[PDB]
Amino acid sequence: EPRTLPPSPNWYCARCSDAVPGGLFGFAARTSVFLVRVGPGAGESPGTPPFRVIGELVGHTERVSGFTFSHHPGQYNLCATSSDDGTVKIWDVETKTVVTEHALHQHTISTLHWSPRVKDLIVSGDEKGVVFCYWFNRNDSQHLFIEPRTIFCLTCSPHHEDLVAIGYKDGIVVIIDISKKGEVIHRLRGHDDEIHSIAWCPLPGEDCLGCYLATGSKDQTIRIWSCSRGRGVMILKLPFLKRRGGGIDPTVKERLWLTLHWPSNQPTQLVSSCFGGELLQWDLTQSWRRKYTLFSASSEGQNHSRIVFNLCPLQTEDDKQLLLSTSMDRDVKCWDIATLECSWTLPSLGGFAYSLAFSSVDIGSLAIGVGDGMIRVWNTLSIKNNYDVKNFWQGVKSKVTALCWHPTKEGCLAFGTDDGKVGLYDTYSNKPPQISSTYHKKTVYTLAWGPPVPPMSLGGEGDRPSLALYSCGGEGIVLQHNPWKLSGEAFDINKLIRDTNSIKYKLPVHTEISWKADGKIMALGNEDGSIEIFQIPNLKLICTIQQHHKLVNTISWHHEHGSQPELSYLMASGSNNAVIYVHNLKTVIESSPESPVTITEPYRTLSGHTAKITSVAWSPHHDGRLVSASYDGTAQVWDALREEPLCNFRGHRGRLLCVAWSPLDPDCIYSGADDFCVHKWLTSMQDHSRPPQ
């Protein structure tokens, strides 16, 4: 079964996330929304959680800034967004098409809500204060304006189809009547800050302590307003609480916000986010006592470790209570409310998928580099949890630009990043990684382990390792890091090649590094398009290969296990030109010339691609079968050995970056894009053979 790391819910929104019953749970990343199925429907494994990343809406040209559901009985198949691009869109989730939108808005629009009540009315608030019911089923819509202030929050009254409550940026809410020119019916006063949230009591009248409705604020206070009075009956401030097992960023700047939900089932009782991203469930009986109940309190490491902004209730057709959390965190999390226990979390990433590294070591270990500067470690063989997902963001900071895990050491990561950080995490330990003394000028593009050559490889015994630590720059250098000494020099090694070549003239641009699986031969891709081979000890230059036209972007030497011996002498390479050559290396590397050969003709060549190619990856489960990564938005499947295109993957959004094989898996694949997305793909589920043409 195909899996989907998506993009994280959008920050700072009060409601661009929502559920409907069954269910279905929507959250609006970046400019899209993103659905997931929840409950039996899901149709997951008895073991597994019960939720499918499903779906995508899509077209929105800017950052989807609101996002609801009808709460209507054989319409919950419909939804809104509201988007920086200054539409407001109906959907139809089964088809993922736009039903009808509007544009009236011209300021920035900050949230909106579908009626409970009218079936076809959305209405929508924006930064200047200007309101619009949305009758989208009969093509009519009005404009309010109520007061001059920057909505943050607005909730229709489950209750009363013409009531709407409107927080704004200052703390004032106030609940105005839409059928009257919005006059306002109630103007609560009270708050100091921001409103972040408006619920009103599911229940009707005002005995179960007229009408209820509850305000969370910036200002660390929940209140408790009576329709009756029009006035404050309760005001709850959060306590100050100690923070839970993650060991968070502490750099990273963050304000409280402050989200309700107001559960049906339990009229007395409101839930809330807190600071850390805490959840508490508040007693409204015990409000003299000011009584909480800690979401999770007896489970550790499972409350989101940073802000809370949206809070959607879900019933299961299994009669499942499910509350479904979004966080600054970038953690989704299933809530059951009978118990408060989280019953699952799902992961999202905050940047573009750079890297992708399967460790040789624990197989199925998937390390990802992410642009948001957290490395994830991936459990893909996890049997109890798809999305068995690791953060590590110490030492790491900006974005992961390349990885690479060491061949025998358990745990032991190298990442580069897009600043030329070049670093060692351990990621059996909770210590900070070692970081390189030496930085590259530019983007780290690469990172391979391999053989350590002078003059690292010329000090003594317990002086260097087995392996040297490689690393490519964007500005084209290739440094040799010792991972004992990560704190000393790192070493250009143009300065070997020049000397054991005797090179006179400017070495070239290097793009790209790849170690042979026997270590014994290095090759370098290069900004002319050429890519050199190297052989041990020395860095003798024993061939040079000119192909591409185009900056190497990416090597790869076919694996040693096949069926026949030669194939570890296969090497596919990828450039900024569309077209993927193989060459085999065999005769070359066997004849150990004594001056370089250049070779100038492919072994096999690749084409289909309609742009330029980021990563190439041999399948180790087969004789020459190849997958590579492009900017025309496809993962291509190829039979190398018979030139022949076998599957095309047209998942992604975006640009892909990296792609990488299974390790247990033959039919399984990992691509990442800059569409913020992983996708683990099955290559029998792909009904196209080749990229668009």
The other form holds:
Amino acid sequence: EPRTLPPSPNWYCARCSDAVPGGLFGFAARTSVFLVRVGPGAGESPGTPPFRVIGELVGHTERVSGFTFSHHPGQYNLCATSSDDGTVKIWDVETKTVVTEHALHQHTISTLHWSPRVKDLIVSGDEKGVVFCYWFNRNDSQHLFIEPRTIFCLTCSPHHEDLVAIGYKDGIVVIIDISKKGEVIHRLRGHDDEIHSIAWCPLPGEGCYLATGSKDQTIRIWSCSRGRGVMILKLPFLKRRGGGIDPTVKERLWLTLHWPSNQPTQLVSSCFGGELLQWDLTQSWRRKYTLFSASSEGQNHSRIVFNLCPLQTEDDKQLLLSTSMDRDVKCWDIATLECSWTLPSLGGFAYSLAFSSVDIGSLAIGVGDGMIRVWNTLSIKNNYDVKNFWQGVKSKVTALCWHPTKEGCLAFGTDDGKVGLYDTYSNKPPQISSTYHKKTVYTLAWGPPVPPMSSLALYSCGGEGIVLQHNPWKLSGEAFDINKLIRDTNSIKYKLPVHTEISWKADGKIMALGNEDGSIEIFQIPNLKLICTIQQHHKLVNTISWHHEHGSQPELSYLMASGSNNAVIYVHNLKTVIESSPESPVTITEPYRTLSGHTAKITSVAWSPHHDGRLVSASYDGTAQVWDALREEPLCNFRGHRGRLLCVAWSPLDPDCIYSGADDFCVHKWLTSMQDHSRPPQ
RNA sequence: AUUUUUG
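To complete the pair, please output the form solved in complex with the RNA; the form deposited without the RNA was given just before.
Shown next: the complete complex, the earlier chain at its head.
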């Protein structure tokens, strides 16, 4: 079964996620909405949690700011989105297609809401105060304008088809009648800062009640009759739990609300640092609340929570899903207030994937949001067991490499040229090399030390073209540019080539360097004596990989796959040149194998540890291709990404499973057997 | 208030 590590739920949106009974959850993320099946219908083992990422609403060209399902029986498949691209779209989630849309707003849309009473009414609000009422299924629209203020949220009454509550940036809360040109029926005064959330009481009559949540740290309950406040709940200041959190990153309160139709005398809200509270409205003056996951530790959110969406499953479980700045989507069991499960998300390109050969299945992911992920992919009760590492990172993690033998030892490299060393078994900050790369760290590799270094050294390749040799025990010490050793050993006069890739042979006897001009150079230990130059690519080399040493034939370990900014992949066999061990280098100009098919640059190639000469490649053409390299046969093509692939890694235990990562902020785990397409698009 | 003209 495939898996998806999706883009992070968007931040600072009053309503950018929702859920329908059954059930289905949708959350805005970047330019799309992701769909997640929850409950019995997810078809999961009694061990693992019952959810699956099943869909994507694709079409917006800019940030999705709002999302809302229809909650009319028989039309749960319909939903609406707003976007910074200026449009409001109506979607059918069954087909994942646009039913109809409008571009009536001329200013940045703030939010929108599907009317609970009128089947085809979608009400949206923008930054200038303009409200549009949209009856999509009769082609109708009405503009309303109340106050010249920035709308933060709005919520149609669940009881009265004409009444809509609007909350503004300055704290104004109004209840308007859209049949009366938007006339203000109630002007609710009391809040001193942004309204983040408006929830109507699910029960009519006291009239009706409604609750507003504000950045001013108050939740206010109002009487819809007497147009005045009848209850003020102030958030409790609580001791920070769980997350050892980066203090510097700025973050103020987001106070969102959930008023359960299940239990009208309870009210759920967010709190400082992403805690969730269940308020007891009967004990108003005592300000009684119960903390979510107050018993368990490390289960609560670590940063502010933006959206809360109730979901009753068909086996009558009362769930509540929470989105958060901490990039976890959490599912809460209302009956127990415990976190049933957590779905991690990515806030940047997935630049890098590396499987530990020490802890099988431990998959490190280098992400553009400055956090290293470690996914225990073989966790039994959890398909998304992921730990985050943020200390000493900050920038985009563009390169990763596990140590060959030492548990928890993970090298990483960043977009600002930094090279660091993590002990993921600890929570101590990483050691950072004192020597920086001028540009992005594109590759990291462990290998035998070479002079003047004084059992394995760390090699790093940066975008400026230098390969550094670091002493993992002396990271604060100096790192050596191996170009000096190359130069001396090979007596070179002219300027050395710009190195763009480094890859050590599995035995650690041979080092291959890819260069910017397309050439690949083959050096042998201990002095990096050049024994061979390969001239095949004529653009920058992005990736090089040596076949493993446990195939049916030992000779296979001399197979070397390579990808560059051209779409064609080559395989070279260095048995002859390496065994002959020449005193002057050989120039190779003919490929041992030639793999054609992709239509864009190659970012990563990897050999299956389960087969002989089986290669997977990742390309900017948006696909990962699995080849029988020996036969030059294109076996299967994965097209699940919507962006350009940046990395790929074979599962260590499952010959059918591969992981890939792209600039769509997604990591996919997919099955070669579920892939019917044989080759890239042509 | 993160969401990359960027291997």
